[PDB]
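Let the hints inform the model, and build the full structure from the sequences given.
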Amino acid sequence: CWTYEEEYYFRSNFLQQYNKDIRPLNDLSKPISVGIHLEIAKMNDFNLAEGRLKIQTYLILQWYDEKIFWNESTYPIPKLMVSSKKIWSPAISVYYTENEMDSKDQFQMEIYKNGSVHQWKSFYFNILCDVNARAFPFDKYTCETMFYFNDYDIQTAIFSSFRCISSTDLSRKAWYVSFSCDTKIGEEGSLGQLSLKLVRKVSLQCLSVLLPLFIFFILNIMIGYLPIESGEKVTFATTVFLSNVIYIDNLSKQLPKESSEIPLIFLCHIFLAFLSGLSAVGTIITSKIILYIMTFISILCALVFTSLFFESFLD
Amino acid sequence: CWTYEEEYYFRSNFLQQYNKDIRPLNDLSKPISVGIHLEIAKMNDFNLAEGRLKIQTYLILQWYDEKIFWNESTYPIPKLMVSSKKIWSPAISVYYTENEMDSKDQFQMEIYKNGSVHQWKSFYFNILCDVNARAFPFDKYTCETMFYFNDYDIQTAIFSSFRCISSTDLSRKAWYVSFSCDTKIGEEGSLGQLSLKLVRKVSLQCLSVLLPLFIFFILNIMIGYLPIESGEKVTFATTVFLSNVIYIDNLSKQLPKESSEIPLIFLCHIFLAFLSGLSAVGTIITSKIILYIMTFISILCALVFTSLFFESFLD
Amino acid sequence: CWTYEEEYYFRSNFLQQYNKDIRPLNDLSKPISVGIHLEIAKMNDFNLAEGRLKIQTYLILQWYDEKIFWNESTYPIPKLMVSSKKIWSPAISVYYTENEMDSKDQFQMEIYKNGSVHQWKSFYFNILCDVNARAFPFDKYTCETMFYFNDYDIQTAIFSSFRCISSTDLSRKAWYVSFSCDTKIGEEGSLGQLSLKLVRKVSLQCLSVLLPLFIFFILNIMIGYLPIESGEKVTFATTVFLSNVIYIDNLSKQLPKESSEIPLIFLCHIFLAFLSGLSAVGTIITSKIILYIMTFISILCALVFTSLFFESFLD
Amino acid sequence: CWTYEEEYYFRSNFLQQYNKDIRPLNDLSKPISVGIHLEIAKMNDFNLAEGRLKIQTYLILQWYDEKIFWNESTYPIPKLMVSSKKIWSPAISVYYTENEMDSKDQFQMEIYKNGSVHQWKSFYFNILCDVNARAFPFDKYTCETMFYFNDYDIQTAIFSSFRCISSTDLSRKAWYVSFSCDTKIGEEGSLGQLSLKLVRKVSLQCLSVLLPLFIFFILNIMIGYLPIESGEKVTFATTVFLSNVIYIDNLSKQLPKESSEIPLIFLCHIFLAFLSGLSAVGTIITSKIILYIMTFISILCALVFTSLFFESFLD
Amino acid sequence: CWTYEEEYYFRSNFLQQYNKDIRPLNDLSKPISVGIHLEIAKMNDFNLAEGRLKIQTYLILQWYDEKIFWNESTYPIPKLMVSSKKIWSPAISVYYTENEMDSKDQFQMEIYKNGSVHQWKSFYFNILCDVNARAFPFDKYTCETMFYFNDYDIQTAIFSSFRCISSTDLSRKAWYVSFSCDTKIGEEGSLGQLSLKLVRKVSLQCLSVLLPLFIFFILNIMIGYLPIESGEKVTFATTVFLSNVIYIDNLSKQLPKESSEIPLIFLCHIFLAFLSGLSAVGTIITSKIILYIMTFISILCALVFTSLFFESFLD
Ligand SMILES: *[C@@H]1O[C@H](CO)[C@@H](O[C@@H]2O[C@H](CO)[C@@H](O[C@@H]3O[C@H](CO)[C@@H](O)[C@H](O)[C@@H]3O)[C@H](O)[C@H]2NC(C)=O)[C@H](O)[C@H]1NC(C)=O
Ligand SMILES: *[C@@H]1O[C@H](CO)[C@@H](O[C@@H]2O[C@H](CO)[C@@H](O[C@@H]3O[C@H](CO)[C@@H](O)[C@H](O)[C@@H]3O)[C@H](O)[C@H]2NC(C)=O)[C@H](O)[C@H]1NC(C)=O
Ligand SMILES: *[C@@H]1O[C@H](CO)[C@@H](O[C@@H]2O[C@H](CO)[C@@H](O[C@@H]3O[C@H](CO)[C@@H](O)[C@H](O)[C@@H]3O)[C@H](O)[C@H]2NC(C)=O)[C@H](O)[C@H]1NC(C)=O
Ligand SMILES: *[C@@H]1O[C@H](CO)[C@@H](O[C@@H]2O[C@H](CO)[C@@H](O[C@@H]3O[C@H](CO)[C@@H](O)[C@H](O)[C@@H]3O)[C@H](O)[C@H]2NC(C)=O)[C@H](O)[C@H]1NC(C)=O
Ligand SMILES: *[C@@H]1O[C@H](CO)[C@@H](O[C@@H]2O[C@H](CO)[C@@H](O[C@@H]3O[C@H](CO)[C@@H](O)[C@H](O)[C@@H]3O)[C@H](O)[C@H]2NC(C)=O)[C@H](O)[C@H]1NC(C)=O
Ligand SMILES: CC[N+](CC)(CC(=O)Nc1c(C)cccc1C)Cc1ccccc1
Ligand SMILES: CC[N+](CC)(CC(=O)Nc1c(C)cccc1C)Cc1ccccc1
Ligand SMILES: CC[N+](CC)(CC(=O)Nc1c(C)cccc1C)Cc1ccccc1
Ligand SMILES: CC[N+](CC)(CC(=O)Nc1c(C)cccc1C)Cc1ccccc1
Ligand SMILES: CC[N+](CC)(CC(=O)Nc1c(C)cccc1C)Cc1ccccc1
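Protein chains in written order, with the working numbering: chain W, 141 to 455; chain R, 141 to 455; chain S, 141 to 455; chain D, 141 to 455; chain G, 141 to 455.
One should not assume that every hint holds.
Any copy will do: because identical chains look the same in the list, a pair fits if it lies in one copy or spans two.
Computed cross-link-like contacts, DSSO-like style, restricted to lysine-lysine with a CA-CA straight-line distance of at most 27 Å [claimed, not checked]:
1. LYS207 / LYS194
2. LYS324 / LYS219
3. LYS341 / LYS261
4. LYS182 / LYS244
5. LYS324 / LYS313
Treat the hints as calculated values from the structure; they're not laboratory data.
In structure tokens form, the structure reads like this:
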């Protein structure tokens with residue numbers, strides 16, 4: 141039941157010989173052990189096509205201050221909240237986001253009688269991702285980032301643990317999210333790794349991108365069965381060809397810009413456009429002076445590519 | 141009728157033994173009760189398609205400072221405005237917007253003779269929303285967020301109330317907005333839950349989504365009654381099929397992404413496309429030469445989808 | 141002809157018993173009168189379709205400091221420039237933009253011998269607008285916001301005047317701008333109201349939005365006078381309908397998010413698409429088993445709508 | 141060869157009776173003369189269609205501090221670098237960008253033995269521009285802005301000079317950039333006027349726009365020299381009409397907004413559309429059963445517009 | 141094995157006669173030598189079409205503080221981490237990004253017993269690039285930036301070295317990146333010149349602009365060898381030519397904005413069009429009153445352009 145006056149007197153006289161610039165140890169030749177417990181709360185996913193996933197994480201850093209220990213016999217307080225600029229706290233940062241991460245300290249530290257210190261932090265940053273889009277829509281992403289100390293190497297401060305959990309609502313929207321994190325020993329200090337794996341789901345909206353690949357397909361075989369007596373055919377074919385190539389342009393603006401392998405949808409569209417153009421050329425050449433063969437080739441190639449797509453299919 | 145000199149003296153000598161880092165209580169073993177009165181002022185709606193609603197709220201925090209009580213006998217001032225960095229105030233935040241909420245303190249606190257303190261705050265944040273598009277064009281959105289203390293748990297500071305009102309303009313902008321908020325007890329402290337539910341008002345701007353379905357329904361059913369003597373029947377069937385599939389492609393781009401269940405319009409149109417394609421395939425197979433039974437069943441399937449669509453109709 | 145040393149001596153000893161947190165009045169029970177002179181400098185109009193106009197205004201606040209009066213007999217200075225953080229100034233803000241307006245105090249206050257103080261401020265904020273699109277593309281907007289004190293109510297500080305002017309270059313670019321501003325008495329203090337009225341010009345570039353409609357009108361009535369012999373008519377028409385319904389979606393994207401009345405362009409496009417669909421159905425049923433009648437109906441409806449548009453026409 | 145110790149001693153005792161809030165003059169009734177030397181380094185051009193050109197400029201302000209003069213007899217230092225918050229420097233700003241210019245001071249001031257002070261500044265601001273698109277694609281723009289003291293009027297501080305230069309790599313791509321600079325005298329003190337004139341280059345990619353102008357020209361002339369025996373002439377004329385109007389729309393989507401006058405190419409294509417439609421309706425009348433007059437009118441108008449276009453043609 | 145108390149005592153008494161505004165030299169008439177070691181970590185190339193590449197670099201500045209030398213005999217500390225606002229550090233900046241680079245000092249400095257000081261910095265800035273489009277899609281970019289001291293010239297501070305390395309993952313993604321950096325001597329002090337060269341990799345996705353040309357080429361050369369007896373030849377030529385105009389319009393939207401040369405592919409296409417259209421004209425006009433000649437010229441010039449492209453062809 142500590143009253144205001146004694147908490148005031150304590151706060152006046154509990155950092156007497158304390159310098160927040162010095163790691164709180166009785167022997168400074170050894171590292172200070174900091175534990176981390178991380179929770180991935182949300183993902184943005186806006187620029188995931190360009191290779192950047194904007195995620196938010198919550199950290200609970202825990203360490204031991206060996207200079208701010210007291211006992212209730214003299215100060216009947218079991219714990220306190222102390223601002224971040226009054227005592228030593230470690231500065232953490234993640235690779236490739238130093239300049240685009242505001243890092244405003246707003247959560248005070250919580251310090252116990254025996255020196256245990258807990259600090260709350262939240263990071264909102266881009267984690268770069270590598271895209272495997274051979275099967276599209278069902279692209280797969282792998283992401284990685286490393287947390288490190290802003291000022292301390294392995295001989296000055298070390299991550300004693302690194303655990304990650306999830307809010308259970310990461311994978312609720314069009315992603316299978318699987319994470320793993322553990323502490324590594326980097327060249328310039330102790331690092332905490334964080335690896336994410338995102339696998340797109342089978343949403344109807346994502347599969348709508350297949351319909352164009354259907355349309356042209358129909359239109360393609362639909363050049364064959366037309367008024368061959370009329371020259372309209374060649375013109376019609378040309379028209380289709382144009383549309384197809386234009387669509388490919390628009391298509392390239394959606395595909396993950398840089399995949400480990402070329403997506404099969406693009407190859408199918410290229411094949412269809414090439415076949416339509418050659419069909420127009422062939423019909424006009426015949427008019428100057430194959431059907432079943434063209435249909436057989438189309439069927440063979442399309443079935444091979446669809447079989448590959450089924451092979452790479454996920455559920 | 142306090143003059144400038146006596147208010148100057150009071151301001152000089154009214155925080156003598158006061159530390160703003162300490163909750164203003166005479167017994168600190170119990171939580172400080174903070175009451176909140178909230179008003180949802182505006183909505184953005186821009187990114188509601190992605191699943192984020194950007195709202196602005198005005199908060200009136202009210203608590204009791206037990207160390208700044210005075211009486212008019214010695215200080216003829218009934219109330220004062222004192223800056224946010226002179227006396228203790230609680231820092232509030234909302235889930236999932238810690239790192240994208242500027243939180244600039246610009247309104248001073250108002251303190252009465254007996255310690256009653258009122259503070260004004262304004263938050264402008266993204267409240268994540270979940271979309272149900274079963275009845276699209278009309279969609280339903282549910283949004284939720286929680287307010288919490290940056291620094292205090294249930295044993296150090298508690299929300300004694302949580303009330304919300306509106307500006308009477310949220311309803312006007314093409315949305316039925318209904319909200320409900322109350323104080324909860326979370327795992328890590330007292331929380332203020334705020335829940336929003338947005339339905340979409342009826343607009344004549346949804347003939348854009350009704351007309352195509354009606355016209356395509358009529359065209360599709362009219363394929364049965366044609367100059368069946370003419371082979372053009374299969375031509376009409378194919379052209380209608382392509383038109384339907386192109387419409388599917390266009391439509392799928394204006395449905396919400398994270399839809400809980402597939403919208404009914406999509407099912408109606410995709411089934412109509414299936415029907416027309418089956419009709420064309422049957423016509424061509426007959427020309428070159430179970431189908432009828434399936435078509436008969438299909439019409440019933442469309443009747444089922446249309447009944448579900450009308451059952452979910454709003455006003 | 142005051143020298144550096146006497147201005148130095150003055151600046152050292154002219155805020156002796158002054159607290160910038162107190163209103164500079166000899167009797168603090170009465171309000172402090174602050175006069176405002178505003179000027180709308182520029183408009184953005186980028187997001188005006190979404191219902192937000194971004195304007196920049198210049199303010200000249202003028203009040204009387206009843207505690208910093210001096211006379212040239214002792215200090216040969218007629219006036220001074222004193223930084224904003226040395227003497228009391230009122231904090232002003234506007235509705236619905238508290239969280240997205242960066243308060244950078246960069247202009248010093250100008251204080252005369254008799255206490256008159258002038259301060260320069262510049263605000264850059266969104267002002268929400270209500271749209272009327274009954275006549276489109278010649279849409280009309282009404283916008284409105286209020287200025288208020290951050291920290292003072294009617295019994296503490298009051299706007300003694302509120303006057304606005306314009307830079308004369310507001311209406312030079314595709315808008316007729318009319319403004320009006322006066323001081324009101326709000327529930328929570330004195331308010332300064334600012335009302336804008338924007339009316340779009342007749343820019344011939346804007347008129348191209350009517351060009352697509354004309355394309356269809358032609359194609360539409362260009363369905364009857366064709367090689368009807370070729371049942372394909374049905375097909376051409378179905379193409380037309382598809383095109384119209386793919387346009388209408390983009391147009392709905394273009395239209396103002398919400399209008400007090402439904403724009404006529406949308407209704408006309410809906411009618412044209414409907415007529416095209418019925419034309420297809422009619423040719424189909426006729427082939428299973430009007431031209432001049434269809435033309436008369438189209439002419440009547442179009443003339444009625446254009447007559448309503450001309451009735452609503454302004455300038 | 142001044143050592144560390146004597147520079148330390150100098151820095152300690154060279155602002156003894158110096159207030160940075162007072163203009164450094166021995167007679168403060170007269171203005172302080174500040175000289176400016178500006179260099180336009182880069183332009184952004186991204187929003188130049190909307191009328192905003194984002195430019196970066198480097199300023200070297202020069203003035204004379206009459207209170208920080210010393211001689212090497214007592215302080216063997218010829219010049220020093222002193223931070224911006226130790227001595228008086230003038231605050232400069234530009235019109236219509238006060239709220240969207242960071243204005244971070246990062247370059248120290250260079251002060252010589254006799255008081256001459258040089259300061260570096262870099263502005264990155266939008267400068268509103270007026271577009272003249274009569275000649276398209278060779279559109280031309282004019283921009284202007286003014287620099288002014290944040291805190292001083294003509295009787296307290298004046299610009300003694302205002303010179304400008306370019307970066308020598310400014311007009312090297314797609315623009316003929318010209319500049320002018322002079323010291324005006326407004327109602328709120330001395331002003332520094334900066335005027336820019338941008339003229340688009342003759343990049344052959346832009347000349348691609350002229351290809352359609354000839355195509356649709358060829359097509360209109362071509363309508364007459366065809367198998368007029370076939371009534372299809374109506375169909376072909378309607379086709380060129382529809383294509384021309386569709387183009388007109390697409391091009392209008394490219395023309396700059398708020399243009400001073402309607403571009404010539406727009407009128408050319410409008411008249412070509414009119415000619416095509418007139419020919420189509422004339423052929424329809426012929427089928428129902430002025431030609432040479434229409435051809436003469438069209439040739440005259442098109443040749444007049446082309447002569448004009450080529451008259452303004454640059455290079 | 142230094143304990144907390146002696147490090148506290150050291151930090152209290154190791155900046156006794158130190159001014160962080162003074163370069164840490166014993167003879168200040170000579171420059172202070174600062175070494176740099178740079179690493180381009182990532183690049184964004186989102187706006188690379190506009191000519192701006194956004195790269196992130198990591199710097200390790202190294203210099204010698206001649207005033208903070210101590211020895212272990214009195215202070216058993218071999219090195220220390222000291223904040224950036226306790227001792228002198230140089231301010232570095234790069235050309236043309238002063239106003240769009242946050243520059244937050246977050247990494248402390250590491251100082252050794254003998255005065256060697258290291259500092260960590262990270263810059264995230266745009267580096268302007270020049271585009272060569274002669275080989276399309278295999279465009280080549282050249283970029284350059286210059287690092288300099290915010291406050292020091294060649295007689296006050298100098299870059300003793302300037303070395304750059306790479307993270308080895310720059311070129312992993314659709315770019316050949318080759319850097320080079322060395323120190324220069326500019327007119328405003330020592331400079332660090334950084335040069336980049338980007339050359340797009342030869343993918344298959346970047347070979348979908350080959351097919352549209354090739355096919356078109358054939359089509360264009362297939363206008364001559366046709367059933368010339370059939371007058372429809374001219375109609376097919378108009379169809380292909382309209383396709384050509386549409387494809388030219390599409391392609392003009394993909395080229396880099398400001399290329400030094402004229403993209404060869406764009407040339408090929410536009411020239412093929414103009415000459416084929418002239419051939420069709422020639423045919424119709426002559427009938428109103430060459431084929432092989434136009435085919436020969438088209439082949440000659442198209443092959444000349446293709447060879448000109450193959451010349452610079454990369455892999
Ligand atoms: C320093 O003091 C702190 C708190 O005074 C100690 O931490 C607390 O230690 C107790 C056990 O001594 C923990 O109790 C256990 O908590 C878990 C919750 O995960 C619960 O499941 C168990 O049934 C049990 O109640 C308590 O959680 C823990 N709290 C915190 C915040 O750490 C710490 O152990 C002391 N260290 C030393 C070296 O004395
Ligand atoms: C501490 O002092 C404050 C103000 O001096 C007290 O708050 C005020 O309490 C009075 C009643 O004592 C309230 O009067 C009532 O106001 C309501 C408005 O809802 C009105 O409908 C009633 O007819 C009556 O006039 C007054 O509103 C209220 N004002 C504020 C700003 O809180 C507070 O009760 C005092 N606390 C204690 C423990 O004495
Ligand atoms: C306190 O002192 C200030 C400045 O000495 C007084 O304001 C000034 O008052 C004079 C007249 O007393 C004004 O002169 C007039 O100015 C207008 C411009 O609007 C001009 O058109 C007239 O011909 C005449 O010259 C002067 O403008 C005005 N200046 C300012 C900045 O307010 C103020 O009246 C004094 N107040 C008291 C209570 O004595
Ligand atoms: C106060 O002292 C400063 C520097 O100590 C003087 O500025 C410098 O003045 C000298 C002449 O006294 C200038 O020398 C000339 O420089 C030009 C460069 O344009 C050169 O072409 C000539 O051959 C000659 O060397 C020097 O440039 C100039 N430097 C600067 C940075 O301004 C200033 O004149 C003194 N003022 C008074 C009132 O004594
Ligand atoms: C001032 O003290 C610092 C550190 O005490 C000295 O820097 C260090 O100097 C030693 C040699 O005296 C270097 O050792 C060598 O390091 C290289 C790594 O490149 C290694 O390959 C060699 O086998 C050898 O171990 C050490 O690297 C170096 N460290 C740093 C961070 O620079 C510095 O030389 C002293 N200055 C003077 C003037 O004595
Ligand atoms: C949900 C409360 N939340 C977010 C509002 C995060 C939090 O404690 N989750 C958490 C963590 C971080 C680790 C393990 C287990 C759990 C449940 C509080 C918070 C913590 C640090 C910084 C900011 C907020
Ligand atoms: C409209 C005035 N307004 C916004 C300009 C908000 C305000 O009082 N509404 C309100 C609240 C917040 C609670 C209950 C009842 C009402 C009417 C003032 C304000 C309050 C807090 C923070 C910022 C501004
Ligand atoms: C044009 C000079 N200008 C803008 C550059 C604005 C200014 O005085 N016009 C003004 C105002 C604000 C009210 C009434 C009458 C007039 C002429 C100076 C300025 C004023 C306040 C803040 C920033 C700049
Ligand atoms: C190129 C060096 N540069 C830009 C990196 C600008 C500079 O000296 N050009 C300059 C100026 C500003 C006026 C007249 C003549 C010249 C050559 C240095 C700089 C100057 C001021 C502010 C920031 C940087
Ligand atoms: C990978 C660690 N990293 C980035 C996390 C960069 C780093 O040491 N690479 C580096 C440099 C900068 C120069 C030479 C050799 C190497 C390996 C540390 C770092 C350095 C400066 C600023 C911030 C972080």
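The hints, checked one at a time:
In this assembly of identical chains, the alpha carbons of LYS207 and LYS194 never lie at most 27 Å apart, being 38 Å within a copy and 45 Å across copies at closest. Taking the shortest Cα distances, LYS324 and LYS219 sit within 27 Å of each other only across copies (24 Å), while inside one copy they are farther apart (33 Å). Within a single copy, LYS341 and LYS261 get their C-alpha atoms no closer than 31 Å, and across copies no closer than 41 Å, so neither meets the 27 Å cut-off. Within a single copy, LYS182 and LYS244 get their C-alpha atoms as close as 19 Å, and across copies as close as 24 Å, so both meet the 27 Å cut-off.
For the identical chains of this complex, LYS324 and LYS313 are inter-copy neighbours only, at 26 Å across copies versus 30 Å inside a copy, given an alpha-carbon limit of 27 Å.
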